[PDB]
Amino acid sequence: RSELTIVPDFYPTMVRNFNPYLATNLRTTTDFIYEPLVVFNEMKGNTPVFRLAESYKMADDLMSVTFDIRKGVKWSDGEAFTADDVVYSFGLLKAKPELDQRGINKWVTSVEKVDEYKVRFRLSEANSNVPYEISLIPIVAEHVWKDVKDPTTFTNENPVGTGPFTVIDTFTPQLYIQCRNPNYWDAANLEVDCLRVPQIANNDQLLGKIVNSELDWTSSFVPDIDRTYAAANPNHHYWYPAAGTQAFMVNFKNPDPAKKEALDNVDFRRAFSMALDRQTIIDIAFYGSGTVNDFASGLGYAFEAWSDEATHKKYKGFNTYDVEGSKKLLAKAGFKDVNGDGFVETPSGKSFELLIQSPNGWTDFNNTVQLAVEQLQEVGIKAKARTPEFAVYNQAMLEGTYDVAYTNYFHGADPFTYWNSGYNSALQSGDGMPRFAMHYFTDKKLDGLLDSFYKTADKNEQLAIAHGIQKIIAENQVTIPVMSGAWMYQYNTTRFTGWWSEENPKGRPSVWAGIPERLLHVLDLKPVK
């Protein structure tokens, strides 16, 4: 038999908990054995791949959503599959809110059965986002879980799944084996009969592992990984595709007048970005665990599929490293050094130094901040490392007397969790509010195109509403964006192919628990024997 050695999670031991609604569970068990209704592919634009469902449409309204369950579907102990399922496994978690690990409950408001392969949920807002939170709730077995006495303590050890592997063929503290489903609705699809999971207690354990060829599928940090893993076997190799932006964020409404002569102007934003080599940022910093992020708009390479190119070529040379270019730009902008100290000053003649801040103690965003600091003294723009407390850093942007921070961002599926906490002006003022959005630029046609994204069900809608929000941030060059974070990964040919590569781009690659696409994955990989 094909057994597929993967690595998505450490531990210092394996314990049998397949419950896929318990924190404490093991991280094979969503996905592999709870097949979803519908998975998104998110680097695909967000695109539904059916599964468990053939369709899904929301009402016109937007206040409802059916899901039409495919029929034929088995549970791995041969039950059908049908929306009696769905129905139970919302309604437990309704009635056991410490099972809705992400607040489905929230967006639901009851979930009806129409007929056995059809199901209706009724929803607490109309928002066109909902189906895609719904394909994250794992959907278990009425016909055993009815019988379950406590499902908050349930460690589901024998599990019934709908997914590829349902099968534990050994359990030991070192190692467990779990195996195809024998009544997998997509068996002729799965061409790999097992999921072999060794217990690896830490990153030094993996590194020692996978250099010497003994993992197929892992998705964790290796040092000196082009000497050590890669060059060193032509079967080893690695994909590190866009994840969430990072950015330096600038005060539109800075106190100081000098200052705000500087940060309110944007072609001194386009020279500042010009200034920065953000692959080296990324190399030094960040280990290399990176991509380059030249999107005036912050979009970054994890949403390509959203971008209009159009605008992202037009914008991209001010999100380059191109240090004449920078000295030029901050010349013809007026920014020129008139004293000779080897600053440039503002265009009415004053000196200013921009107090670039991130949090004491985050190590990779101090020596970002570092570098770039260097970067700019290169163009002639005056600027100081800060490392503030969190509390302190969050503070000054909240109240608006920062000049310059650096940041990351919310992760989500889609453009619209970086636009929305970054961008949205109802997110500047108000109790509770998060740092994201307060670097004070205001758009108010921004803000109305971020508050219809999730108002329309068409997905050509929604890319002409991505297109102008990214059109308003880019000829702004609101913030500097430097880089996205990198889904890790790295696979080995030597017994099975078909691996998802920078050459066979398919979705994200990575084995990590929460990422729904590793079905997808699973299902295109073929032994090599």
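Positions refer to the first chain, counted from 1. What changes on going to the form deposited in another entry:
- The rigid-part assignment of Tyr402 differs from that of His521 in the two-part motion between these two forms, each C-alpha going to the superposition fitting it better.
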The other form holds:
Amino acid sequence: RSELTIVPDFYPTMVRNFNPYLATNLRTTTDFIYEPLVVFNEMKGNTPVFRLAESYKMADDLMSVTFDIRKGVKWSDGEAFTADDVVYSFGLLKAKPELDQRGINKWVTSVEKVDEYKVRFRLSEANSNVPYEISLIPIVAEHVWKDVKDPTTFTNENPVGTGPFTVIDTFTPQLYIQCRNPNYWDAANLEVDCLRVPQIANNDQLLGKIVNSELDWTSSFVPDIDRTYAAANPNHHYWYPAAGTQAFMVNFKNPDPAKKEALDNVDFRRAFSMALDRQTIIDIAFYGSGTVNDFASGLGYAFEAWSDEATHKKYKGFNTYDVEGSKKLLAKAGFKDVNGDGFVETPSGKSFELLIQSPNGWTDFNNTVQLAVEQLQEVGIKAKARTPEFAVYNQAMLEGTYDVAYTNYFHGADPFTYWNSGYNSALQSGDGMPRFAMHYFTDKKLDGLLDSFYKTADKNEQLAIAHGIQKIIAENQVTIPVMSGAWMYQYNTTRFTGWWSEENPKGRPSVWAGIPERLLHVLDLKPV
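Got the form deposited in one PDB entry; any chance of the form deposited in another entry too?
Here you get just the chain by itself.
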């Protein structure tokens, strides 16, 4: 049998959890076990690729959508995939909203079975983007989950799935192997037999394995990639197409009064931003991979057509390396060194040191923070790097105990993915929410604009809304955007061919969970 060795995530040890609704799951659950109704190819104009649904139809008023389910699709246990599974899954997320990690509940009023192969979503608001938003919600088997006592703690260790790889062939603390669904509806197009998923804890362990040609499909940071990895074997390849924003997020609800006095001050956030040398961060921490992001709104240069250039220009100076301007702004805001240590105190005279966190083992981000600490010191801002394990880093954001965090964001075909995930205050509440909105800045007007972005399909209307969003975020310097990154992706031709690449650029090539196109990609791979 052919085994494809993949690394969608690092772990200290393999914990058997295939619940697609829990933040604690394994990152081969979505797509590979639970196939979507539709996969949107974001790189190719956000085009739908129909999988378990064969079609959808939005109502004229954009307030409802029906999906026609493909006939003849089976769960891995042999039972039919039907509208009942879609109705059940959305009903579960309404009953247990802690499982609604994307906040779909607010947008979907009801999900009803029309017949065995047709489901109707009634929406709470007109929403031209709802097919995409629905496409991300995992669909589980009603005939299994109806008998689950507590879906919020169920580890789903024996998953029944619709996707290509549902058989748990091997499971050990150091390795699991996920083999092909024997009843897979699209078996005729699937040539890979199993996913081999070794336990790897961090970038340093990853580097040894990747250089030694032990892996097939990864999306890791690899330092000095041309020298360490690409030159090590003629079969070692990579393709890094452009992706989304990375930024320092500041906690507006910090529990320390001196830190809150700094972090909550827009002039301080701007001075912090002007202390940073974004191009040096890119050159040193990312080995040159990335583009400076000097948009106070975080928009980035790839989305310039969505940008109000007057807004970009008005705030760009606060997002440009400018030590002189940073120091002048600190002084003008009243942040002065009143105790002779070379570090500013708050305007009320309090000392403070900002703890800047990034996830342990994400060495590109760790090195970014170290550079930022040195750059902040030059303007008199005292800071220290912290590298908690991801779960602790994430919990500190969900609990509001962090000071500053370096993070990336997901990245869609338009700016809404970044702006909504990064700023909608509705995404700040929920045990299964991700970290991206957890700065605790809130603005009802901003939320209203985000919630209105797709109320029409009119591009001119969406543009005016985008300009309003850009203005609010920029004028509040909510975060400190640093760069636009890349979809890191490395592939090995030793054991498989058919990979996406710059020469074969079929979609986002990442193996990370949250990139639904990885299902389409795996179906193109052919064993050697």
